[PDB]
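There are 4 protein chains.
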Amino acid sequence: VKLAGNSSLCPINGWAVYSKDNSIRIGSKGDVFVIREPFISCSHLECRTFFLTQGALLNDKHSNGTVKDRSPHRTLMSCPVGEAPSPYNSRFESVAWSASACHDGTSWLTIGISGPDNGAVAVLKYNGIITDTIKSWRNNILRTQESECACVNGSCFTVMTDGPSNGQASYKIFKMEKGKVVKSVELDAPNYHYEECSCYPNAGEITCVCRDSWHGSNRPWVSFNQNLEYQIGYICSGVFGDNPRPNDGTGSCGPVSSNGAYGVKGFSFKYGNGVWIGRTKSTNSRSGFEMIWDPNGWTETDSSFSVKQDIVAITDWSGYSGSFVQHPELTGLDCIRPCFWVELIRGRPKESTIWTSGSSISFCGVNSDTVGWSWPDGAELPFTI
Amino acid sequence: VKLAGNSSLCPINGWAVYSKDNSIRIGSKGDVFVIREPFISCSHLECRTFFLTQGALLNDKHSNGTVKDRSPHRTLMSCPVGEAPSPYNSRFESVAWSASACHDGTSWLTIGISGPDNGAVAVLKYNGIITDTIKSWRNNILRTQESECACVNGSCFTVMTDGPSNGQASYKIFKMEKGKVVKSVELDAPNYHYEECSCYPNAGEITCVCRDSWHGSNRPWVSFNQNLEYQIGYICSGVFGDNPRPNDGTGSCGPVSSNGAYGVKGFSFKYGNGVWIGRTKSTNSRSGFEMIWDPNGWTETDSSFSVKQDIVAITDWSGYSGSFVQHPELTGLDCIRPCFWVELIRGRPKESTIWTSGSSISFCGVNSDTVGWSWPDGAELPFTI
Amino acid sequence: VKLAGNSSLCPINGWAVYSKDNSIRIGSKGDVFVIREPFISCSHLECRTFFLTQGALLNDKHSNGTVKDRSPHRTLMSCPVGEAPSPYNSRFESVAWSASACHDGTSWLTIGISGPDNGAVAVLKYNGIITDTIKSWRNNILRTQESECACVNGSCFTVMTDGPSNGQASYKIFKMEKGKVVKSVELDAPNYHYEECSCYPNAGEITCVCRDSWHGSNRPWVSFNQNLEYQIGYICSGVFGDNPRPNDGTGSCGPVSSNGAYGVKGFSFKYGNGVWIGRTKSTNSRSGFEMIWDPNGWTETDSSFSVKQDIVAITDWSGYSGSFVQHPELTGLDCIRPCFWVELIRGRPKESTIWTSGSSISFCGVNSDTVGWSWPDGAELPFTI
Amino acid sequence: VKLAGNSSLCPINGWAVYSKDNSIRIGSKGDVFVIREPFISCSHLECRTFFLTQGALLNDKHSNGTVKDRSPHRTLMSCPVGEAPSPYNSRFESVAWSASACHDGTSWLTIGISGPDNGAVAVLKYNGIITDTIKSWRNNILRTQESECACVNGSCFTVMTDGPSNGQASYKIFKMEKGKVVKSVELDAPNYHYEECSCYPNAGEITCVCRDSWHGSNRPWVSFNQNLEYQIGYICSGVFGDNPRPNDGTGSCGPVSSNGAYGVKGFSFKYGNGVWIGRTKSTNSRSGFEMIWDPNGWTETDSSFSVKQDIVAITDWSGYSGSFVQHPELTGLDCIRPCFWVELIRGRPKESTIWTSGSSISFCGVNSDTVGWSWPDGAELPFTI
Ligand SMILES: CCC(CC)O[C@@H]1C=C(C(=O)O)C[C@H](N)[C@H]1NC(C)=O
Ligand SMILES: CCC(CC)O[C@@H]1C=C(C(=O)O)C[C@H](N)[C@H]1NC(C)=O
Ligand SMILES: CCC(CC)O[C@@H]1C=C(C(=O)O)C[C@H](N)[C@H]1NC(C)=O
Ligand SMILES: CCC(CC)O[C@@H]1C=C(C(=O)O)C[C@H](N)[C@H]1NC(C)=O
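Protein chains in written order, with UniProt numbering: chain E, 63 to 447; chain D, 63 to 447; chain R, 63 to 447; chain C, 63 to 447.
Mixed in with the good hints there might be a few duds.
Below are the DSSO-like pairs computed for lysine-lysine, each with C-alpha atoms no more than 30 Å apart in a straight line [said to hold, decoys possible]:
{"no.": "1", "chain 1": "C", "residue 1": "242", "chain 2": "R", "residue 2": "370"}
{"no.": "2", "chain 1": "D", "residue 1": "234", "chain 2": "D", "residue 2": "123"}
{"no.": "3", "chain 1": "E", "residue 1": "64", "chain 2": "R", "residue 2": "240"}
{"no.": "4", "chain 1": "D", "residue 1": "197", "chain 2": "C", "residue 2": "370"}
{"no.": "5", "chain 1": "E", "residue 1": "332", "chain 2": "R", "residue 2": "197"}
{"no.": "6", "chain 1": "D", "residue 1": "332", "chain 2": "E", "residue 2": "130"}
{"no.": "7", "chain 1": "D", "residue 1": "123", "chain 2": "R", "residue 2": "123"}
{"no.": "8", "chain 1": "R", "residue 1": "343", "chain 2": "C", "residue 2": "130"}
{"no.": "9", "chain 1": "E", "residue 1": "343", "chain 2": "E", "residue 2": "197"}
{"no.": "10", "chain 1": "C", "residue 1": "332", "chain 2": "R", "residue 2": "370"}
{"no.": "11", "chain 1": "R", "residue 1": "343", "chain 2": "R", "residue 2": "412"}
{"no.": "12", "chain 1": "D", "residue 1": "234", "chain 2": "D", "residue 2": "245"}
{"no.": "13", "chain 1": "D", "residue 1": "343", "chain 2": "E", "residue 2": "123"}
{"no.": "14", "chain 1": "D", "residue 1": "123", "chain 2": "C", "residue 2": "123"}
{"no.": "15", "chain 1": "C", "residue 1": "370", "chain 2": "D", "residue 2": "242"}
{"no.": "16", "chain 1": "D", "residue 1": "130", "chain 2": "D", "residue 2": "343"}
{"no.": "17", "chain 1": "E", "residue 1": "64", "chain 2": "R", "residue 2": "64"}
{"no.": "18", "chain 1": "C", "residue 1": "242", "chain 2": "R", "residue 2": "332"}
{"no.": "19", "chain 1": "C", "residue 1": "240", "chain 2": "C", "residue 2": "197"}
{"no.": "20", "chain 1": "E", "residue 1": "123", "chain 2": "R", "residue 2": "64"}
{"no.": "21", "chain 1": "R", "residue 1": "370", "chain 2": "R", "residue 2": "412"}
{"no.": "22", "chain 1": "R", "residue 1": "412", "chain 2": "R", "residue 2": "123"}
{"no.": "23", "chain 1": "E", "residue 1": "123", "chain 2": "D", "residue 2": "123"}
{"no.": "24", "chain 1": "R", "residue 1": "240", "chain 2": "R", "residue 2": "332"}
{"no.": "25", "chain 1": "R", "residue 1": "64", "chain 2": "R", "residue 2": "197"}
{"no.": "26", "chain 1": "C", "residue 1": "64", "chain 2": "D", "residue 2": "64"}
{"no.": "27", "chain 1": "C", "residue 1": "370", "chain 2": "C", "residue 2": "412"}
{"no.": "28", "chain 1": "E", "residue 1": "197", "chain 2": "D", "residue 2": "343"}
{"no.": "29", "chain 1": "R", "residue 1": "64", "chain 2": "R", "residue 2": "245"}
{"no.": "30", "chain 1": "C", "residue 1": "197", "chain 2": "R", "residue 2": "64"}
{"no.": "31", "chain 1": "R", "residue 1": "234", "chain 2": "R", "residue 2": "64"}
{"no.": "32", "chain 1": "C", "residue 1": "332", "chain 2": "C", "residue 2": "240"}
{"no.": "33", "chain 1": "R", "residue 1": "343", "chain 2": "R", "residue 2": "370"}
{"no.": "34", "chain 1": "E", "residue 1": "412", "chain 2": "E", "residue 2": "343"}
{"no.": "35", "chain 1": "E", "residue 1": "197", "chain 2": "D", "residue 2": "332"}
{"no.": "36", "chain 1": "E", "residue 1": "240", "chain 2": "D", "residue 2": "64"}
{"no.": "37", "chain 1": "D", "residue 1": "343", "chain 2": "E", "residue 2": "64"}
{"no.": "38", "chain 1": "R", "residue 1": "123", "chain 2": "E", "residue 2": "130"}
{"no.": "39", "chain 1": "C", "residue 1": "412", "chain 2": "D", "residue 2": "130"}
{"no.": "40", "chain 1": "E", "residue 1": "234", "chain 2": "E", "residue 2": "332"}
Everything labelled a hint here was simulated from the structure, so no lab data went into it.
All chains should be modelled from the sequences, with the hints used to inform the complete structure.
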């Protein structure tokens, strides 16, 4: 039976550790894929980590230049949360250098993009058999969430971008059923820029918080109806959510151009006019991670917030982060539990290795008590190479 | 319930990437079988890659001389599509240096040939228990498809050859039910030569496109009734399908002897008088791969075609290719989806290693949009040896 | 359906070997987690070994200083009994440097503690989704059983300590249902000290035998009602159960301070006024292991006992040990079968390696005949390092 | 539902290859257990290979002196037929240096013997939970089949020996239900000697062909009722079954002492007064293997036989062999299919390594055509050591 997405986000107080996979530490000896862009997504029965392999293993020569990003060897695979991604425990999903996936209550939808920069095509699979295809409509690196899509009442939604990461690009919302696109809409968002959206269901509607890699130090958002009727904006808070970014100060309801140029995938959870913001601790690089609660922060410019919970110390590398959700049909709860994962990137460009890969940690909503700490990657580089 | 094969091939426009296993890249460190002659076959629930191991692992001494072809250690094993074939994820099927397999909707039929060149015997298994046996009737390397057999209405069909690869040989069609041969027929095809057939069901009948390793640059075919009443011919198109082959030109409805001598396993899909042709890009060696659509190409000698889609660049090694199909009982479709796989051979004779092995890619039918690219093997040789 | 804990312990005569995992021997080449604090726990269908990984593999550099105890990379994972714990066969459970788990007949409850010494928090999961949380209430290394909790009539019970291991600390019993704490009680036990309790169900009540790491050479106990109404005491027998300890002699019904200072996790089974005692063979170090039956030994100070069964020779390293139970709903028996496991610690501080890890053995109750022997770890150190 | 053993052996003509695991070849690089005493046994759904590990991996130092035989680290494990036995695919069964196992239609019965030579004890498990125990009754290496037990109508039967392998010993038949011994009988067989019996069901009764390691070049047998009413004898044929043995000649209905001293585990199938005999090709050592059909050979002394099928060349090492059966409830047949496996021993004492281990091949009954060949181990020694 299909996931009803009619319920609202769970009220929460802080974040409880959910998983840590230690995949790079383990990979020093074990047979662990070099990966990046990991994300977690759940069905009504299980939780899985998806990731983009480099079609190679840690500490092997084929991991050379894995800083690259796009290649024909890149594949989307998945394994159970918290396990190191290995050829011996990973299920193959799709050939892809950009991806998304989600479960609608019946089976898995995977979205894997491969092909040339000037004509990439997204292959959609429902339960592993191809059900549809979406070709680049601007010939400029068709790309998608790098985190789970969102399902409501048996329809699933994702966001894709085609165009320069460097300026105005084209942004589309897709609605799909049984892995087939049944409707799409191009956002009319001049001066906005959406990339790598973290989307979640909430009371029958989808809310996406994304990355402005053009000129936004705060994060852009799109929420929409099951009919793809949408609204757009940026997060107003002066607690800036992107990286790089300026020191906290007076924010804006539109793209804060100061330091907004490059960005990193992130997420945020909206509760009334407040936001739970996940962000790096560093202002310049992808270091540290922290959760911040600014009530009156989705709509106001206060650079002030109520609660801060440490996730990774400023002294340790982080990377991407994204939302994922646990539905009542899995949980037994009367609401939709907000969770998030963090990618811990090791290797190039920040360190002197021939390779780049990521570990993951994740945390879940929770109304009971919690604590801040540092759960860093933990591997010691360089490797045997 | 048994696969009805009564449906016709799906109308398609191009080919969507389905899988890539990266098995040789992974096998540089991981515990991956050295294999060749991989192929994909599906049931009503799953898709699996079958392959002929060399009873050894990449980058280990026992992979020496794995160019050989036939030995007592060769075994037919299988794993889920897209995973690297490893002793930790592979199901054992049969002792074999030539093989076929297919699912009838109820359980797997595997066909594994082993024994001496002068008296090989094919062991047939239904659901893993031996159900029948077929002995070499010409004492000269009994051998079979190296790709999936074809099932219709609870009967499965394969093709076998016994005799010289070098000249006239003997060709048989087998009909089997629950893994027992219930009828067979020797083709009366003087001047023809069939090897390594790719067979698929279409509207209650089987169509096989094969390899002429005697004197055919174009590909031989055999289609037949559930009663083993058959027709034979070659593909007429001047877009020659085999490798080696001459440059495209005026073809023939019989064996084009020019350059036809050695050959490579291949496939083709027939749509009316048109063909989807999969072939190497190179004329002299197993390099590159491409899909070509020549309407009026199954029956005519036009060296002209309508559409070409790149699969592997001319700069990269390929190898065998074969058809595989996805039935409605797995797909939900109202037709039989055509797919294909390509074997990417690395090592000897083309490269300076002690071993030979293959990776795989696969693609599926699809009525939506697609793109050409190059999805090559990607390993860098030689290995630690 | 929920495990009824209403049955009594099975009458037994000795102990039959149940499992041995050889994980350190295997780990000399294979990909085996460096672990410690293993334990076994069963459901109505299966038995699993849980363990605290160090987020690293044997014989790899990341196994350096794994003597440490508490770190952010420590995780609680599980695999089927008797298998070497590996990233390829282990299920991830929780991020944790202290843990417990148990199955209530419906699904698994896992308890994983992580965070800073001064504010650790226990994350409770039911069927893998977080259901509750318990924060350190004394800011001094919140910690728990390192062996299975106990379930009766759909409620599960565990014991936790917070405070100095060195003196008076605080001890709590928790009652939980579907992974949520529904009642707790702080023991009023001045001069007592409880750590690393081995708890088991017996006739609808829980009995825990624990470790006095303050001033007890004999073992402390707590038994309690489903209402958390409890009784406390020590094991009276002059066959002292802890390590270190004095030579056997006249015991006491309260903490025997002579040599009682440091301790080791252990267990015991109570039958009327008799005890089955598992203990090291050595008086000074964690060497050897043996099962001893002192009837009139739970309540009397006799240093005399009826039966002794050798489990590990004095010549070989041992370590922790703990109880685990097999319920009638798994067994078909009319009683609750007592079993136990032993941790065989190799490496630092006793041996000259950079690492520390453990193997396990386990034995089951049994009314038929048995024998004593020595089933030691078996690895030969140091390793390649 | 329980396996009815009421059916008779299938009529057969020869032997079709069923499996080959290549475990030593693969083990040169992969993580493969060093093992010996492998055997195959089937349920109503699957076939598994059981084996006695040495608690160590090929090509690792812990494989030193694995010629030994009995140690506390020896464990009985299992994996699907044809796969290399590895810590990543093997199910743990029992701690054991001698073993048997079989499935009764409902679940697995495993028998694992461990402990000291002077008091070994067999642990019986049904579905993995201990159900009974059998202690050495002569204090001289209690030991059992090293091949599958036999099940009929929900009862399972095995044979054990206690005493000298060197002279008169004590032999017992055990009947068990749900893994509990419900009856046993000591054979009154002065001058006979039974070891390592291969037992199979046939028309509601069990037939065992065994090893006389005292003074028998021909093989001893015991057949018996479900009531443990038994008959004994030796195989009369002058085609001697054991190894070592004399050249074929005039045989005897009793122990043929010439060359009968040491022996090897073997099997034979009885069809009326004829036998299918599996034996080494060599007369002096465990080299080669072959199947021979002597009708009028179970009861007569003719050194003449009708059919011989080669299994392993005289030039290659063999070892133990044993029967295994496939019941109608798994097969769909109206009879009980005879199969057999062969252990291919590599290393000490015959070769210059520090270790000893075995590969396996297996073959099944079959009424269709077959061929003889040589399917040898294939590993090249010595290893990296
Ligand atoms: C192509 C622009 C895009 C968004 C800025 O770059 C992303 C940045 C990345 C990064 O900043 O870490 C790595 C992502 N894999 C890449 N996405 C793709 C499809 O290559
Ligand atoms: C024996 C002739 C046959 C068909 C030409 O050769 C095949 C060619 C092969 C090839 O051209 O790649 C490799 C196949 N493994 C081989 N088949 C067997 C059974 O050896
Ligand atoms: C913190 C006191 C506690 C009980 C004495 O120490 C335990 C002793 C240990 C030991 O004696 O082996 C190692 C355990 N990992 C440790 N537990 C934790 C959470 O650190
Ligand atoms: C102890 C006598 C017994 C039968 C002769 O020896 C067997 C011979 C063996 C052999 O001849 O190969 C190895 C077996 N593992 C061994 N069985 C045990 C329990 O040690």
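Looking at the structure, which of the earlier hints fail to hold? Of the numbered hints, 2, 6, 9, 10, 20, 30 and 37 do not hold.
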